[PDB]
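The chain below stands alone, shown as structure tokens; this is the form deposited in one PDB entry.
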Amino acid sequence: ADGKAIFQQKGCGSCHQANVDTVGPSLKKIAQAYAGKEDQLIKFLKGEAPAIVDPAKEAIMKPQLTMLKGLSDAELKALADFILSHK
């Protein structure tokens, strides 16, 4: 197989340049992130491993939402109003 060709043909270059971050991280940045985890890169490409380069910050915020699960509709609205009041 020709990895460089496949990368180009599937459009991956549009967001991934060799050394420069654009819409996506540079290939150097991705390569360095997977140092000692190289099998995991193949798993990532197969949809079988989580993103490790720029992981969604949902991981920090999502558990915080469990604290709001019992709130009433009035309490949720009040909370949202408080947030919105800033500005």
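Just so we're on the same page, rigid core means the largest C-alpha set that superposes within 1.5 Å between forms. Residue numbers count along the first chain shown, from 1. Residues that one form lacks are left out of the comparison. Compared with the form deposited in another entry:
With the core held fixed, the Cα of residue 75 is displaced between these two forms by 2 Å or more. Once the larger rigid part is held fixed by C-alpha superposition between these two forms, the smaller part shows a rotation of 173 degrees.
In sequence order, 56 to 86 is the sole run of at least 3 residues present in both forms whose Cα atoms shift by 2 Å or more between these two forms once the core is superposed.
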Contents of the next structure:
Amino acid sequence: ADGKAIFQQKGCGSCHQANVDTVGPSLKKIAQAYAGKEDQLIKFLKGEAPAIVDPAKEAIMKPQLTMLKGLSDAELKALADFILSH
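Could I see the form deposited in another entry next, after the form deposited in one PDB entry?
Below you will find a single chain and nothing else.
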């Protein structure tokens, strides 16, 4: 699986730039928060774990997770590993 392609095509980049906080936190910031926590990042992406980066705006991000409900666990992992690479 291609985490970069999934990220692109689900429209995530609109709120998540690599190195700058905008509507959502940067990928760099998310990657740092979830360093060594890949399993938890996958859980988050499933709606299974709490926001740990910007809880003030948790409810804004939550609905975006609905996009990901067609992905396998391997694809979710690939998406997580793309995020973590930043």
